[PDB]
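Taking it in order: structure first as structure tokens, then the write-up.
The full complex has more chains than appear here; those shown keep their coordinates.
First chain written, first letter: the chains are A and B, and each begins at residue 1.
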Amino acid sequence: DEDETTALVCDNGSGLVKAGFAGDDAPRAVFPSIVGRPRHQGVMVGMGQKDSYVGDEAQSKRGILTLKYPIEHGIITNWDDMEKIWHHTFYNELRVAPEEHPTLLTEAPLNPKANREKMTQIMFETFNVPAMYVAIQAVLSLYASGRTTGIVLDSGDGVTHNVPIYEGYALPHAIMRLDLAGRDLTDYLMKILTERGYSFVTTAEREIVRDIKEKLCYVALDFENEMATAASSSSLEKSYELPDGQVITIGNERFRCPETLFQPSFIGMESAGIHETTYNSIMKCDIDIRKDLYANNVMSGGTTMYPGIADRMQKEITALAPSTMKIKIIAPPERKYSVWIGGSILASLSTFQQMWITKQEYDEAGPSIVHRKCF
Amino acid sequence: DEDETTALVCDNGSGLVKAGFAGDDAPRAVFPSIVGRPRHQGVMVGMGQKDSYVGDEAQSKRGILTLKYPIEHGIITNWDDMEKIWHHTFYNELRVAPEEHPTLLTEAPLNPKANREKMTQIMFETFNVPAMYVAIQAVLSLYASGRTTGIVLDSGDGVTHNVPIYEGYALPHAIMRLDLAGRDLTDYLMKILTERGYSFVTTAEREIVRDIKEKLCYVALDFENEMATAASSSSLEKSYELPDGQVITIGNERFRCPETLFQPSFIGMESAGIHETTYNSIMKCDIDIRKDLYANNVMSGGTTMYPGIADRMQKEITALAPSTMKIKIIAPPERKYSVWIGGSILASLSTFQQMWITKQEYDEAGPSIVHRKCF
């Protein structure tokens, strides 16, 4: 605060920017990292009072907006708009200057080497920031839950990761990366929706595709066995008159799309489901290591909030794995803010001082300060 | 030939099947031991005229194939496909029956005891083969070059070996084995390629990873000293517009991956570089033995064809070793066929008759005929 650093806590992504102060219970400032642009065109006298629709203000009015997606995988299509997105975070909501407090961000595992410097360059060289540290997505969720060892599969929208963690951080061998996250599932629904009679192609309806999914589509216990169950007119058929002006008879469609996550074969790829890669990464490890990896299967993120997600991991895991320990998927009561809570503690402890990167340190070692101190 | 044995010469592996007749200069039949399977899916009217893509026919069209890898380390994932691979060798290209000529194969050092019998079983018990002998990979390369004593480090894709050889064959004491060969380097590139902005994950691009490496990536003389040299924009930066439709700005990446071979630390293991193990195996031997081991350091295989491979062995070897003899890595003009030439002579000499295994000998002593005669 003015006369002292005092850092904030932020978990930026391509879905929700979880920013807030220190010592809170839930994120105060939240909005999707997306900028809207007028598509209606024409002239203006009484406009919507916005030139570049952003966040909640943008997501609210979709009809007139052409949602520009900055962070599309990890690569940013354009950095020019990112500058205004950050100008909206500090000055507007938080109402605090960036030339005052440090900044705690999240690191999308295996992000281009140029981004690490490019991002920090916008803070330190451009808008003089006292300090900043970009922690590694998943690792934070471990301490928040109160664990110190297990296997964390933190996936959101950008990318997918299988990170087995121990008291000592893992190494490039058991960990994996895959480009089959939420955004891939969102753009896939429209594809399979054509066989029934739906076509949410354009932008204003591209978001609706995401909306119908989260609050209805359930995951099947056994796709192959429930496919024939579709004949039974009782458990599936349920007219859901969308409270707006349309009926969406979702029968065999409810568990046809979610299966794609575990069955990319419906897309046209070689990559096996995320439950096959789970075996691949574990089976390689030494014999005297797996026993505790199954004891605590950590599954965090919004991807793990679909009605009926743990039950599926009761047959798939037990199949190709030892049978000595008890199996159960751990999904904390509040798994969504798993990353936000963990970062709050580190930003509160004074011991963290001997880790972060100080302002002057950047200038004293140029842009290479990053890879010069950390890895 | 029909009325007489007359053996062939084959050096099978997981990269190139070097088969041909006797008295030739170069291998006639060559193809990778890999089978492809359709991944595009759908229906067929005018197909690619293949049910199980194999060898050159397979490697040619990667886009539609899901390259099934039979020989993955030494262990074969599946033997059912191996039967067709051998059905393609004799009948198709060579156009000669296996019930006619013997067979000279190579032995992957320290291969499971069951394989020795299992392989021969497919020849003798299944497709009646007059005779066969499976010689030991490296030893053949020694006579081909015209040497009788030295240290041969024959490595390809399957496994790595350090075989010091003398007039009398070595013994389990100085020789070593390691699972850090080409295939480990091929699957590693994609890992470190993510820090820059590349992700050749799926199969159709898994092979491209191998292609870019061999015809560009050079080996550094001093990694630690050339890492800082990266700042110099002249010796590294060279836009290589891949003749297809993409630019691959390889600067510090050219000598970052090759170093992994000698620096597994970048992976996450304990195993030291293959140049450390070289010391380990030699330093144990008697004092009055090393002087000639350095005089002729044999380095064969495709692994020893990277621009700038001998220069590195001029500082590493001389460091922890006596300084009495002259040091120089011997890489014959044609080191790739080092194994093929050596086997050709043995398959030509009539004196070899008192060594190989005859057809009936297998039936007269059951499957144990192998370990019963040889070791």
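Simple rule for what comes next: a residue touches a chain if its C-beta (ideal position, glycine included) is under 8 Å from a C-beta of that chain, and two chains touch if they have at least 3 such contacts.
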item: Homo-oligomer size of the whole complex, from 2 visible chains; value: 5
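Following the convention adopted for this analysis, only the chains that are shown with their structure count from here on.
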item: Centroid spacing, where centroids are CA-atom means, of chain A and chain B in whole angstrom; value: 43
item: Contact footprint of chain A on chain B as seen in their complex; value: 39-41, 66, 191, 194-197, 199, 201-204, 266-269
item: Residues of chain A defined as touching chain B within the complex; value: 75, 110, 112-114, 170-173, 177-179, 265, 268-271
